[PDB]
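Colleague: Take a look at the letters that make up each chain.
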Amino acid sequence: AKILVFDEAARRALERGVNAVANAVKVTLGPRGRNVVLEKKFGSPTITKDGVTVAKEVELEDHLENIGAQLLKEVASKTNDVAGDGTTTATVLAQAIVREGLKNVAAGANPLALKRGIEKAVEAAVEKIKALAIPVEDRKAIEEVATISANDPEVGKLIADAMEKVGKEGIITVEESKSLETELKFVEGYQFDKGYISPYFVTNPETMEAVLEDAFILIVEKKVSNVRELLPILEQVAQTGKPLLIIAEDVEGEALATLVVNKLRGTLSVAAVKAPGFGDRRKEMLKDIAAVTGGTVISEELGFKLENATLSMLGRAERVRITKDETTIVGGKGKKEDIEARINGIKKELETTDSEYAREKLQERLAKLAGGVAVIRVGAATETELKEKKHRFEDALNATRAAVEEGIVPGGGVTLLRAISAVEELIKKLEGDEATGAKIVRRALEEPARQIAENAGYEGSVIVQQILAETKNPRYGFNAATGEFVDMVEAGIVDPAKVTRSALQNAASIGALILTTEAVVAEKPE
Amino acid sequence: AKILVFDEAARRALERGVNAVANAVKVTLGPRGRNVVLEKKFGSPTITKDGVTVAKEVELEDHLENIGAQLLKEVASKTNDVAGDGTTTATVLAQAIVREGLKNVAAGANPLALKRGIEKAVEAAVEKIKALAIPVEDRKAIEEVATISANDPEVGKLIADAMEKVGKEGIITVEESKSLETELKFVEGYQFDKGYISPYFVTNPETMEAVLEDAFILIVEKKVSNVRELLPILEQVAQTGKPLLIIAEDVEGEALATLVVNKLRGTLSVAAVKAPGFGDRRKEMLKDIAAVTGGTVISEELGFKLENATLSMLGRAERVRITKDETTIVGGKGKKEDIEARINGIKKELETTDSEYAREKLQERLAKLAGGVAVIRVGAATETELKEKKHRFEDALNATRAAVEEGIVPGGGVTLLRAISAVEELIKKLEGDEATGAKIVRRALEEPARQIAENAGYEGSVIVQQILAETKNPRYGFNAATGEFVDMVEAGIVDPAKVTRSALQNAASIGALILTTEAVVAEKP
Amino acid sequence: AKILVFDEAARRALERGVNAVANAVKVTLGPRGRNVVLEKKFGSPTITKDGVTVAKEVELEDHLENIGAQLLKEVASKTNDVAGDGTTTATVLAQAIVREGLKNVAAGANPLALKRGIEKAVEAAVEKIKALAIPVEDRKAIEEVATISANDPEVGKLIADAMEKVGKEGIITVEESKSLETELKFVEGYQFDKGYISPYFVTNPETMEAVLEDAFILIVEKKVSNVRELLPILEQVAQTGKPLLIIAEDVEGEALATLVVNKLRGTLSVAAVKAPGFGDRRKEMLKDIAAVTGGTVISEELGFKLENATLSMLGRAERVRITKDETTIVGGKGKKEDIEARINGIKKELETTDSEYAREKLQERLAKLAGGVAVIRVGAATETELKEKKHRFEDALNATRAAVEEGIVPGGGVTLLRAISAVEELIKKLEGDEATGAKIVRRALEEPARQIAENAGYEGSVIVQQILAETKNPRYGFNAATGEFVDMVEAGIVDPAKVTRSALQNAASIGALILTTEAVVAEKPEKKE
Ligand SMILES: Nc1ncnc2c1ncn2[C@@H]1O[C@H](COP(=O)(O)OP(=O)(O)O)[C@@H](O)[C@H]1O
Ligand SMILES: [Mg+2]
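Chains as they are written, first to last, in the entry's author numbering: chain L, 3 to 528; chain M, 3 to 527; chain F, 3 to 531.
Hints listed in this document are in silico derivations from the structure and should not be mistaken for laboratory results.
It is possible that some hints are incorrect.
Stated by the list, open to error - Pairwise CB distance ranges (calculated):
hint: 1; chain 1: M; residue 1: 84; chain 2: L; residue 2: 10; range: 54 to 60 Å
hint: 2; chain 1: L; residue 1: 314; chain 2: M; residue 2: 242; range: 34 to 40 Å
hint: 3; chain 1: L; residue 1: 10; chain 2: F; residue 2: 484; range: 37 to 43 Å
hint: 4; chain 1: L; residue 1: 208; chain 2: M; residue 2: 47; range: 37 to 43 Å
hint: 5; chain 1: L; residue 1: 11; chain 2: M; residue 2: 41; range: 50 to 56 Å
hint: 6; chain 1: L; residue 1: 386; chain 2: F; residue 2: 484; range: 34 to 40 Å
hint: 7; chain 1: M; residue 1: 11; chain 2: F; residue 2: 59; range: 27 to 33 Å
hint: 8; chain 1: L; residue 1: 434; chain 2: F; residue 2: 156; range: 30 to 36 Å
Stated by the list, open to error - SDA-like cross-link-like pairs, simulated, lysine to any residue; straight-line CA separation at most 20 Å:
hint: 9; chain 1: F; residue 1: 335; chain 2: F; residue 2: 314
hint: 10; chain 1: M; residue 1: 196; chain 2: L; residue 2: 383
hint: 11; chain 1: F; residue 1: 225; chain 2: F; residue 2: 255
hint: 12; chain 1: L; residue 1: 389; chain 2: M; residue 2: 284
hint: 13; chain 1: M; residue 1: 4; chain 2: L; residue 2: 37
hint: 14; chain 1: F; residue 1: 244; chain 2: F; residue 2: 282
Every residue, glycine too, gets a C-beta built ideally from N, C-alpha and C.
Please model the complete structure; the sequences and the hints are all you need to start from.
Modeller: Spelled out as structure tokens, the structure:
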């Protein structure tokens, strides 16, 4: 029992959703976001100033409107997913683009033409972001960036060192130490891009992660779907009192169902994750895990049933962190020999490799194993003070890492504003509805800056003007925090150019999507 | 299926909740609070005059409005949590601040500016509370304070003595004696800031505590989540007929589930508490416990499984008291040797220590082990009369202890009133909406005093005036109890300056929060 | 049936209404202002840019909110009454004063004091307006005032042209032309809207006119129906060989039949035309006609018999045109002193006339007598366009009038911005809420300048700052039409000091009142929930 909806009817419904999210989220953008209250079904209410936190809690009653909300949240988040920030900024830009877009379409503008224009606009914008970016590759550079985003010259050093040694494609993590001091330690471990097969395996509802400490790592290679072939090992581990991380190529049917039940029951704290990589590439990576873990790849190939698996064929580590997009293994306890075994065998095969693509990938396995897993044990005094430093340091890390990828640009929306000039120049060479699109982007670009100042209790439009007024130094901007105009850079208010380029491109993507939408097939109230 | 709400729509909703609580609560403020009737689903109705009692029972049907009520209750209670009182007073102040705040915001005032001013106002107010605070450090001082908060000159003495000997950073506890007399004894024991992992471990529903007498103290270091590795020791202790206190770094899954079931079942009376401190700091404190208890830290480090734990590796004490925020061990039966062993090894490492922070903390461990554990065995006659004295004396203690940290000020709202002048001076240097905020706080400050007189059946505004009239002695105030103006201090109507400073700062926090609220995402019915 | 609303509840409601109207209006303010579309009961709608016109159409469903809407309308109209222009400006200033003020009331300020301060602040403001006023002294100065008020160069031109060739004491009229084009035309001699009492009088068959060259004017107050009384003069004239125009309350019966027959005969060339006005004014006008032609009025109440009339007491003119409904006496031979004394009798009488209607009647007389009557016939392709184009002319005139009266000041709200420094100085001498009151005006004074710039696509606050910034030459302002800061006066962006002063005084009058509200007694929403 579906329900069809076409043309403006549909686009307007989606927009409604888009606005629901965007309006709740943008009140937090900038140094002085406003408070958003979220109520928990059981616990008492919560108050935030974090866009992502609020975005997660936004779900609308109406199917069609919700579809828009979800659709926005998705594309918006895939910004934080590649730069660890700017998910809220992408939402704001998107709202604007959607609004003006639908307005002009309703006034007779051609959707496709608007799109062609919105795209050309963004290109020009991005190109300005680039030519405006400050590279961060020096030692001092990387440290300073992190030092700021963390607000701790020490953690800055650590983050810098951690990167210095593990490398760009290396592994770095922030762990909640128990000690009251923050230190940097280079343990053994691995990390691949796969996450919990079921959101029920989550340990912490807030962070949406599944944290396992001192657990076994059952490394399978088959599709574990039968309970009978799993109960044996599941039992041995049950009596161990320890948690279990399953890394099969997939866990479905009974298998996955059981794992989830006992997990939510308290019988056994587990978490299933799909095997890293694909094809030949995968078994090779499953071994990399067994090596650093001290377990063995239970492959049906070398003939071996699961039920006959010993509570010793499965390696283990000090801590395992599972995200919906990534699995991390800290404290690998495999034989330092097996590990160096892969590292070398990987280098040998690296000389025999000819395709640049294959090379880069062996490179990452090489950098994961070697260098290992730079860990930043975070010291606190309160469970509270910890969550704080934990978050702060973690972000500072993601920030800095992104910062290195695409340089940095002036923050506080200022970079997006400087992009306007580039869009203006484009418009002068454009005409028709296409030019209108370019104009739409140009208007959008003002929102972030404006919204920040606005949230801070200032006249958005006014500040945005005074900023665009200064043409001398493009780094000239408004620091909504102190309420003064300064050099955003020299004021330590910067953003990973990667984050900005993304938020924009993503927002513009959602916009183009909706303008090009001619129908939506939703589910009728079940 | 959520439900968004923005701008004034939201703020007004929250305010509705804020008022629901506040209006039910404030009718109890002061020496003559009015009666509030609360019905119990099963038992017959209840009547109170206690703000906190009433606040707990306030839950609204509307999600949005309730959100406000809960939000208030939280911030309001985190005053009683740091001073053991003034939760109701913080509520009243908050109601006022929220009202005037929203009013002026609706008239076009800038929220942030109002905040900036509400803040500056509080500062100046607090600063006056301080400069007006009565220090409690004398012998008579500390005794009198406690004597009052306990309503027992004897317990006052004991509390005074207990503090006199164990010291500021020392350990003091109130235990439910079996004797019909109240005494002070200086045993052996420990105490850390961690409570029952599950509210189901509670022994007394009223006091919300978990009291275990002559129990074993299974000191673990791993995350006990498996039943198999716990059943062995759980069984040995089960046949002992004695209770058990588990102090692992955490108890979850099956382990925590089983412990709770048998507890509520009657199979085994236990209670799980998380391990004190964090990190290296923690294992060091887990040993301090084993030392005073006569047990051993079951650490997987020194290689040792839990199932193989003997009913002798776990020390024991005469009584263990568990609160949702604190665990107390009275009657430590560890070898007097193992104890003095930590005391000295702690002093040696204390000379090698250089960071002032690390020092102060070894200081508390040092004061916990040494001085010991001043215990106040509480004598009663009824299980009822006991819970009462228990609570009363315990609060009196916490009150007095806090009273020593930050001095005392005139009660009956009078101190808050004296803060007005400070706010006035501030306003004269302020302008715009910022000045308005300051004015909001200034108006709020009158509520407590006013409300008290009101509840007592007098003209609030009138009394509040006659008080602000006298400029000579700031301790001049109205005693709603006798219906006469007197020296609040010399009249024994004082308040821990810490309590007051908190209630204000907290209320003003809720206020600023709501004014800065632009949206709320609630769950649909 | 009533509902009693107090405190903030009441003020907010009122404010909602105030803003409802004000925001519909402000959309028009300035050169880049746009139009509002007012639905009419039957025909096409009204498409204006005029404050009061829009304001008057606004009617809110909620009683309290509506009361607010009304109070604001009053500000609009009373300003239109006192100056005919600057209604939008007054609305904006009122809105501004109401919000900034209502805020302060919520903050605990005493409204009464706020009022006193507002009042004092306005006085100081007005005084500064006068202080910057420049007297209108030439064709340019006027072309400017008009071009602006109408927001059209062309309109400003014709108004200047006409105004010039009709003197500042003249009279200009706006009429509905028939072609697509607008035309400016002057009325030569004395003329009134009465035509030939009988089509037979016609002289030209191609123009349906009655042209009498060098003729005698017979001015009879009473009617005329009896042939007898006429014959004596008709013979005297007939023998003169000259044409004759007879002006009497009416010419009927055998008396008219005579003139016609003789006319058609060739006996005597004549034409009859009813008296100009009515009541005592056509009596006073006949005399006007008298003084202009030179003849004598056969005043039935001065003691004159038509039968005893003489060529000695007849009016004489160089020419006479009579259309189906209009009469024009060209080249009247009247005595100069008779005219002037006839004129200065109206002047030395206007200075005692109140009802603006009586001042308009006693003005078209003094206009005719000064042969100074211009008329702009506005053309357009559609009724809707025309009705607005027509209106713009009317506003431009009202402006011009006011400009001549109290002077001219720099436009674009610039002049009111300059009033700020005055209120500022005043504040330094004020205390308490009274000082707050003054501050309210201080802020309000920016609204006009802001909204103009705003509706043009600029930052209100920004522009107002740069203006208030350069304090060397008060004539410094922003040209919201070109987007450049300039000397407002030199740029030709000026406003009649009268409208400015009025707008503010009216805005401030209602505004302050509102701030003193503490209760409202309205109708309980009839059958609603
Ligand atoms: N080009 C211009 N630049 C700056 N101000 C202008 C310009 N044209 C008109 N104005 C100003 O706009 C104002 C009011 O315009 P208008 O829309 O006609 O409303 P109102 O009913 O108040 O007269 C005046 O102060 C006038 O001088
Ligand atoms: Mg006008």
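Colleague: Are the hints correct? Go through all of them and say.
Modeller: Each hint, compared with the structure:
{"no.": "1", "hint": "M:84 x L:10: 54 to 60 Å", "result": "57 Å, holds"}
{"no.": "2", "hint": "L:314 x M:242: 34 to 40 Å", "result": "36 Å, holds"}
{"no.": "3", "hint": "L:10 x F:484: 37 to 43 Å", "result": "39 Å, holds"}
{"no.": "4", "hint": "L:208 x M:47: 37 to 43 Å", "result": "40 Å, holds"}
{"no.": "5", "hint": "L:11 x M:41: 50 to 56 Å", "result": "51 Å, holds"}
{"no.": "6", "hint": "L:386 x F:484: 34 to 40 Å", "result": "60 Å, violated"}
{"no.": "7", "hint": "M:11 x F:59: 27 to 33 Å", "result": "30 Å, holds"}
{"no.": "8", "hint": "L:434 x F:156: 30 to 36 Å", "result": "34 Å, holds"}
{"no.": "9", "hint": "F:335 x F:314", "result": "13 Å, holds"}
{"no.": "10", "hint": "M:196 x L:383", "result": "13 Å, holds"}
{"no.": "11", "hint": "F:225 x F:255", "result": "11 Å, holds"}
{"no.": "12", "hint": "L:389 x M:284", "result": "18 Å, holds"}
{"no.": "13", "hint": "M:4 x L:37", "result": "18 Å, holds"}
{"no.": "14", "hint": "F:244 x F:282", "result": "31 Å, violated"}
Hint compliance for this structure: hints 6, 14 are not met, and every other hint is.
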